[PDB]
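J.: Chain by chain, the residues:
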Amino acid sequence: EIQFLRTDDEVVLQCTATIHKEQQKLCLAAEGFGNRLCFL
Amino acid sequence: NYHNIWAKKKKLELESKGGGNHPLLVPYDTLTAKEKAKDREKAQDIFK
Amino acid sequence: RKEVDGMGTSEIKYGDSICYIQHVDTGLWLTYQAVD
Amino acid sequence: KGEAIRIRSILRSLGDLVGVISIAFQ
Amino acid sequence: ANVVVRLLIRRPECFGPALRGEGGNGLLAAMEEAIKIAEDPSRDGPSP
Amino acid sequence: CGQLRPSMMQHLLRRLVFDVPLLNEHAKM
Amino acid sequence: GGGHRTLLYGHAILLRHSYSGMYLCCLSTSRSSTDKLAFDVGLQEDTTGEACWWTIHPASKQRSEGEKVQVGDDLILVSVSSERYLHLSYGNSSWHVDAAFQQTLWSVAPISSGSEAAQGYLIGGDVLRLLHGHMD
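Chains as they are written, first to last, in the authors' numbering: chain R, 10 to 49; chain X, 2846 to 2893; chain G, 343 to 378; chain C, 2412 to 2425, 2429 to 2440; chain H, 2316 to 2363; chain S, 2576 to 2604; chain B, 107 to 242.
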């Protein structure tokens, strides 16, 4: 059953914030060639 | 003489106020040269 | 299976095998319209 | 050089610290 | 001092009259706002 | 550089003439 | 290194974007002013010791430090330099990720591993070019 987070394993981050009276689940994103910043 | 009778009017104002503290004042005896040009270009011209 | 979360025989090998697509809502199969 | 640069930068972020020269007369 | 700063920073609730993000957290705005309350009127804004 | 450097000494002079409190001119020196 | 060590709460972590090698790490980002006091540590490759990491803390009091992170456990992340949490703000009528003191939960999820290796086999996300057997 049980498993944990080793080093050197692909992952992805998530959040959940309300918007317009509704839970919009998101993830973190970044496109590092023209924009060094991060979007969702 | 000129700009310190003016600043003495301002000093009488601050005396009658009861000792205020507000930045908008510099008398002429110890005035930096940033506000002195408008006085300079007549006070030197009378002397010219 | 239906919820494919268990591994169960990693199936496709690149290059060796050959496959066939299926749009699931229509069930159509891909074909090459060889024109004149 | 001893982890105080973090808190010094945090202080520096609140510049209004450059602009308190006005408050020093006001 | 380190723990004091780390604890203040989680809840820096010095909410002055009106500035961005927080209430105040900025000195010249709140101070010049409050000198209007202080100079002509009493400790209160509407007071004689 | 030469705007109002010298007049600070005149201010400190005028303070030093009538300096009522002790241990105050000593730090103005 | 060690080779497939585990992950524990309180550890000093290092992330890396997959397809671009820009290590998300402690950098001198002092740009964004939506909240008017908050940072956005974007992407740049300056893995320079002290200014390298983020750090995990648990979400709520169900697992403390020293415990091994399991799958699905919501987390809290914080820098070493700025000490801000991974804030999730709203800039102007829309989302905007920043670094601030209002913390925010941050879940994770599995994608792949080292044992989950291709060696010619297929894995999702892989690009490819299709081929006929006769016509190519």
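Please note that a few of the clues may not be correct.
[Claimed, not checked] The calculated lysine-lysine pairs, modelled on DSS-like cross-linking and capped at a C-alpha distance of 30 Å, are:
#	chain 1	residue 1	chain 2	residue 2
1	X	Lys2881	S	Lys2603
2	X	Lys2883	X	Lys2856
3	B	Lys142	R	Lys34
4	B	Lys174	R	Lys34
5	X	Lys2853	X	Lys2893
6	X	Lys2855	H	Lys2351
7	R	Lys34	G	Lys355
8	R	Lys30	B	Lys167
9	X	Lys2862	X	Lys2893
10	X	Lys2856	H	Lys2351
11	R	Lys30	B	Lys174
12	X	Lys2883	X	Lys2855
13	S	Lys2603	X	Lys2853
14	X	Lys2883	X	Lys2854
15	B	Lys142	R	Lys30
16	X	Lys2879	X	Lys2853
17	X	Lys2887	H	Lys2351
18	X	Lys2853	X	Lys2881
19	X	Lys2893	H	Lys2351
20	X	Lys2853	H	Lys2351
21	X	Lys2856	S	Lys2603
22	H	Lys2351	B	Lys142
23	X	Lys2862	S	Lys2603
24	X	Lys2887	X	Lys2853
25	B	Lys167	C	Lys2412
26	S	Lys2603	X	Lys2883
27	X	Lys2862	H	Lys2351
28	X	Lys2853	X	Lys2883
29	X	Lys2855	S	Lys2603
In short, the hints are calculated from the structure, not lab data.
J.: Each hint needs a verdict: does it hold in this structure or not?
T.: These are the hints, each one checked on the structure:
Between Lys2881(X) and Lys2603(S) the CA atoms are separated by roughly 28 Å; this keeps the pair inside 30 Å, and the hint holds. For the hint linking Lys2883(X) to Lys2856(X), the alpha-carbon distance of about 21 Å falls within 30 Å, and the restraint holds. A threshold of 30 Å between alpha carbons decides the hint, and for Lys142(B) with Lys34(R) the separation of about 26 Å falls inside it, so the pair holds. Taking the CA atoms of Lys174(B) and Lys34(R), the gap is about 26 Å. The hint holds against a cut of 30 Å.
For the hint pairing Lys2853(X) with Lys2893(X), the CA-to-CA distance comes to about 27 Å; that is within 30 Å, so the pair holds. For a cut-off of 30 Å, the pair hint linking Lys2855(X) to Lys2351(H) stands: about 21 Å separates their Cα positions. Taken as a hint, the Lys34(R) and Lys355(G) pair is broken in the structure, with Cα atoms around 35 Å apart against an allowance of 30 Å. Distance restraint check for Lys30(R) and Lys167(B): the Cα-Cα separation of roughly 28 Å lies within the 30 Å cut-off, and the hinted pair is therefore satisfied.
Taken as a hint, the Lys2862(X) and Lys2893(X) pair is broken in the structure, with Cα atoms around 40 Å apart against an allowance of 30 Å. Under the criterion of a C-alpha separation no larger than 30 Å, the hint pairing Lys2856(X) with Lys2351(H) is consistent with the structure, at around 22 Å. As the CA atoms of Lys30(R) and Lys174(B) are separated by approximately 36 Å, the hinted pair breaks the 30 Å bound. Taking the CA atoms of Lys2883(X) and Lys2855(X), the gap is about 18 Å. The hint holds against a cut of 30 Å.
Straight-line distance between C-alpha atoms of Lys2603(S) and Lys2853(X) comes to about 26 Å, which keeps the hinted pair within the 30 Å bound. A C-alpha spacing of about 19 Å is found between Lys2883(X) and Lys2854(X), which places the hinted pair at or below 30 Å, so the restraint holds. This hinted pair checks out: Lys142(B) and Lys30(R) have alpha carbons roughly 26 Å apart, not beyond 30 Å. Taken as a hint, the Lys2879(X) and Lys2853(X) pair is honoured in the structure, with Cα atoms around 20 Å apart against an allowance of 30 Å.
Between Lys2887(X) and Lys2351(H) the CA atoms are separated by roughly 38 Å; this puts the pair beyond 30 Å, and the hint is violated. Of the supplied pair hints, the one linking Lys2853(X) and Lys2881(X) holds, its CA atoms being roughly 17 Å apart against a limit of 30 Å. For the suggested pair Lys2893(X) and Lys2351(H), the alpha carbons sit about 46 Å apart, so the restraint of at most 30 Å is broken. For the suggested pair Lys2853(X) and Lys2351(H), the alpha carbons sit about 26 Å apart, so the restraint of at most 30 Å is met.
About 25 Å separates the Cα atoms of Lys2856(X) and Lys2603(S), which keeps this hinted pair within 30 Å; it holds. For the given pair, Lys2351(H) sits about 26 Å from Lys142(B) by alpha-carbon distance, which is consistent with the 30 Å threshold. Restraint check for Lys2862(X) and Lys2603(S): the C-alpha separation of about 29 Å stays at or below 30 Å, so the hint holds. Taking the CA atoms of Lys2887(X) and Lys2853(X), the gap is near 20 Å; set against the 30 Å cutoff, the hint holds.
The suggested pairing of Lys167(B) with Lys2412(C) is violated, with an alpha-carbon distance near 35 Å, which exceeds 30 Å. At most 30 Å may separate the alpha-carbon atoms for a hinted pair to count; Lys2603(S) and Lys2883(X) exceed this at roughly 34 Å. Proposed proximity of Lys2862(X) and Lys2351(H) is supported: the alpha carbons are some 16 Å apart, at most 30 Å. As the CA atoms of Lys2853(X) and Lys2883(X) are separated by approximately 19 Å, the hinted pair is consistent with the 30 Å bound.
For the hint linking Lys2855(X) to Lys2603(S), the alpha-carbon distance of about 27 Å falls within 30 Å, and the restraint holds.
Of the hints listed earlier, those the structure fails to meet are numbers 7, 9, 11, 17, 19, 25, 26, in rising order.
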